[PDB]
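So this first bit is one chain, no partners, the form solved without the ligand, shown in structure tokens.
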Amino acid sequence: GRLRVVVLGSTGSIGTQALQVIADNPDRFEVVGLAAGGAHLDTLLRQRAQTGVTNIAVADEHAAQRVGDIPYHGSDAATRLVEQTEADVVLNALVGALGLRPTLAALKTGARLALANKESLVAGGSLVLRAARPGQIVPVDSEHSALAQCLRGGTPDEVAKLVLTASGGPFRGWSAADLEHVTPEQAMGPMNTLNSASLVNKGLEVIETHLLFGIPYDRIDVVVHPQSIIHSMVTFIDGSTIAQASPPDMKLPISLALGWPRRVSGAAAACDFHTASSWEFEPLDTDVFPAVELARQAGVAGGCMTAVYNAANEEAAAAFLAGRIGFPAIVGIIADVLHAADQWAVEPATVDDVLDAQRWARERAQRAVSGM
């Protein structure tokens, strides 16, 4: 009785690592579907050959044509694959807010959603939550996987605080003036790396924490931990903190999300306490790095505001990577877009509501770029 797994974004870092965990664990997992964008066809063809899975979605029509025998092709390909494939688990490792429809489709099938695409939850907000049963979304994000594990340390009424760790990025300790000169070269993928550096990733993760676990924003702490060995912690009402620790390796949270609640033997190397190490903690410099506070503000506003936060980032980040704006302008644009986003506090009733909010935010972010 193997779990049938659909892997969305199969050719990316998380996707390939997931396929490796599945290949190492044939008694527990079986691949039944693959989805890819179409930029890494070499990898996709190998994946088809090795897994024997022809049930494949390709987003780019030209790429799907170039390949051949692809049953699902076009922008809605991944969504239709999910809708029409019998599965126990959908791993959503697509990139960006475009993971939204496949996330909704997955939840509506009743399968466990192993979520790597944090953007679909951040953007979807209550719309995504209303489609899910309790515990149906299982995080692949390292911090949230850690939180889920640490929450086993007590009952829900015993939780005082959730403590999200953050690497601090390559610019930890830098001044506001220092960040002016940051180049795209200095800052997994281009977006994952950049969002880490700008602290917008951590803002997205704070929102993700609130939505997954239902804890109020004022009880979600962020601490900088440069070693990235402690992946997050939960503080309980008696003063006890339970923390999860492991050498960085996404195969650990991937494996746990795929097989929840059961741990997968040998998924990753454990901390080695026969060698010296230091786990350091320091407060986030919120003045220099206000992305987390902006996320909290968007989160408290709720409705479609978190979709706005993410959409504004996607556009500003693209502008930065293209050499059009400076590094500090990323969070500057997000703030400008949010201040103008009055009407988006309304709760999304349909996917179209979220899409409307994102459309508006993308336009407004472009407006903000044009004024620079």
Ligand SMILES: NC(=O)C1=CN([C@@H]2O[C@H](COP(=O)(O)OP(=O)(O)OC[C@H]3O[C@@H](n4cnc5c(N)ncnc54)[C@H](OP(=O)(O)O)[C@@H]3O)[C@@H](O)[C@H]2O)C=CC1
Given for the second form:
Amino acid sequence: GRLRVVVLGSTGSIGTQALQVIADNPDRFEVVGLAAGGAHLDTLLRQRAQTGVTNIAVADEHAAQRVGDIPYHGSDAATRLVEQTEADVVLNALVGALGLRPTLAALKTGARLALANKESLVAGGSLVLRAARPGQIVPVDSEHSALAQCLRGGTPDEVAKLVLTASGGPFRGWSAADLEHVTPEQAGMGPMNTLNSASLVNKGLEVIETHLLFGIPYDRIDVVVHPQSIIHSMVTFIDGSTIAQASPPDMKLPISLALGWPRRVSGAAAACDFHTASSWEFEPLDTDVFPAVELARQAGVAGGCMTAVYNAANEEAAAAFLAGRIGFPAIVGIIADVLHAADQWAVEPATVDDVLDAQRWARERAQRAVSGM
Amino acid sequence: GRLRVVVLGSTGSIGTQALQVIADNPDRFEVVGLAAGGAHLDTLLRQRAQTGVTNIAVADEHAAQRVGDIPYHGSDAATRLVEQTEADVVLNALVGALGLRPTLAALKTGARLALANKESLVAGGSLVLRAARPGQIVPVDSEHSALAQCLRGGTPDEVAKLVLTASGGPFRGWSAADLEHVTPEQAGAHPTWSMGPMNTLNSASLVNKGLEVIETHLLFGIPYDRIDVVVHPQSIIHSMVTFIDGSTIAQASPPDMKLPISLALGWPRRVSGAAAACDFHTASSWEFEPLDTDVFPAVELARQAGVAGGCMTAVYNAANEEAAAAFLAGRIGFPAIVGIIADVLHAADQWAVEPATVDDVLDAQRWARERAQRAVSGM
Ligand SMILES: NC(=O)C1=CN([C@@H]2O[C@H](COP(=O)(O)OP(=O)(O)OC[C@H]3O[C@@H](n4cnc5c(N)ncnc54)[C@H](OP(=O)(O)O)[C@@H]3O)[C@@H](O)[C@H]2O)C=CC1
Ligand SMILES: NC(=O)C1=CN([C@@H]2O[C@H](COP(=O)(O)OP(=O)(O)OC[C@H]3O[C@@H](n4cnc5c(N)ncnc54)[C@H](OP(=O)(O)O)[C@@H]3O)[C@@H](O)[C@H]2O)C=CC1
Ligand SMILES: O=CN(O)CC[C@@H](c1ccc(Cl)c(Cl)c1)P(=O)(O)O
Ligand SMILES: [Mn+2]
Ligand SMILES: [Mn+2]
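What does the same protein look like in the form solved in complex with the ligand, given that the last one was the form solved without the ligand?
Below is the entire complex, every chain and molecule, led by the chain shown above.
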């Protein structure tokens, strides 16, 4: 009665926490596949020995060579592993839009896709949705996990609004002028999600992720700043009732629920402790200073390949910021500049190649924007 | 479709708010019966005129004699109306032990019972539960309505804890020394236009929360040691459920009883536009703090009564009513209320037997009142 789990991005934060959840629950879960990029071979070798899984994908050819005997190696390794491994659940914890092909392959096998890699859904859009049956994608992202639990509070016709909470990042309350001086070390889960959290681009991706997972119109997806990150998101129903999910921050909770959906996993995470005092605070997002969420809505409403453009433009601008080439406020400046030139990408993708064409265009246009700074 | 609703206690706060919800939602609800005590006969008669409902009951015979065309009047008027009226939902918003029999009659008809009357569960206990079938009782009060909604977040087997919120009352965070000085006025403990002095006093003493803990155990079948109370002064979070994985599901709304009332009436279906939703356009905070059980032992005493079972919760509540009355009359200090409940309960083990009849419940209450009177007077 064990679920067979493929873990993509096994050596990262989410991947190792997932392996820990699986280790703690041998009656429910069994690891049958691992994929990693090759930057952390030490961790990967330990994972092979501990799980006893030799069914492994390594993206970097040289790193795979150095290990020896890796059955899937090279840029398509993770995808081929998914295509050729019998599984009940695929956990996609890869980072970036490179998770796109493994997401599509996972869905095509019929397995539950436990999705941490929000970018593959954001980029893929209707192409990823067409590949999925209803409920096949189960969110690992903490907010979306919370939304899915809260939606149990009523029927679909009773949903008024979905309320996505945001930490606000380290620069919550900072002025536009304050942001000009943000260093990479200040804006630094992995380096991409840490940065995306600080810039609010993560929240923008999550608005798009919300629309795609739950089919709710953009004008019914609210974002509220909640610095404590105890409330992970909420749903407001048509009678005025709001149902919210709360827990001390710990990704093992949403990971555990996504792997075993619909069944909750005993002891996954610590519960809220109401025997000590606390406060849960809410404030509006300053959209003038942090316009990334609004840009995401604009990209989402345009639809088609525009969400792929939004993400791809961020990936390049973020890389440039982390390399010390542009200032912090330039990240979202570049995204806006790219999106506003992106007329032709409103068309719905027919194939993966359409998405890849949009991203290719977006990366080039982002470089052009960087070149002008 | 359209639900046929009998409103018991039509002239009180819950009843009149329910009639507003019904007036606003004629496609979903129709009134087919009204019952009141008689103290507000003029209101009931206006309700008859406004709704066109002639199927009415008045408990007080003197009051009934002012009219001449009431079909149900006298001692068990509300019960007889319930027994003889075809209905989908019975809202029981009667006050005190005279809500118990109509609850029992309503359960026997096979109608859904939207329950506000606290005495039905607190005093009636196993009498009521043995009469009820799964899902038949739908709770009207904000905490229990919150729990019912949050329980949708998992299966029964996935529940770790039920967590009730408490406002903390006017003396939130006060010390034992502070409490010695409390006056009836300070406890808000006088008649107001809609509510009696017991409501704010029970809130202030934490006895109300004790009562809600007992009802929680009986409604949802969770052991007392897994029913927690947290102080939340804003009353925006109405209660929460903690599941076995560490996830907590909470229900939140600006205070407005029309929400839990609308949901009790239409259960399982939500009533569009019943109440205003939480608004996050302006900064706010939701605060939580523990209750000092040494200063406020009312909830612990409720658990003690609840665990003992039988008629012990009837004893808890009747001792409070008497102790509370003594405080209101200057006969005892504020901290002595819960002191007297404790003294009565510890002498009450004969009442741990399950009640067979309404009269068994009434006898327990009679005994508890007398015992409380002795404790107050020192006799
Ligand atoms: N971490 C968190 O708390 C949260 C994460 N998420 C999402 O989950 C996903 C991952 O999160 P996170 O664990 O922090 O990311 P990490 O940086 O921690 O790890 C990313 C994983 O992907 C692998 N990887 C990177 N590049 C490639 C590639 N080209 N081919 C194959 N594999 C590759 C890495 O292997 P290696 O490093 O050994 O090369 C690594 O195991 C992200 O999309 C993120 O948005 C969402 C919410 C919270
Ligand atoms: N008020 C609230 O917000 C809350 C209510 N509840 C519970 O719901 C129940 C009712 O609340 P509430 O509406 O405020 O009570 P109210 O005092 O406001 O009104 C109660 C109703 O009961 C009727 N009644 C009174 N005496 C008798 C009698 N001797 N025989 C028959 N009927 C009688 C009254 O008719 P008449 O006026 O003519 O005598 C009245 O319509 C209580 O048990 C309470 O604990 C729980 C939490 C909160
Ligand atoms: O799902 C989580 N993320 O995507 C990380 C980014 C968000 C975040 C940050 C800190 C904590 Cl403690 C938590 Cl719980 C969540 P965001 O900053 O996007 O709300
Ligand atoms: Mn997230
Ligand atoms: Mn209450």
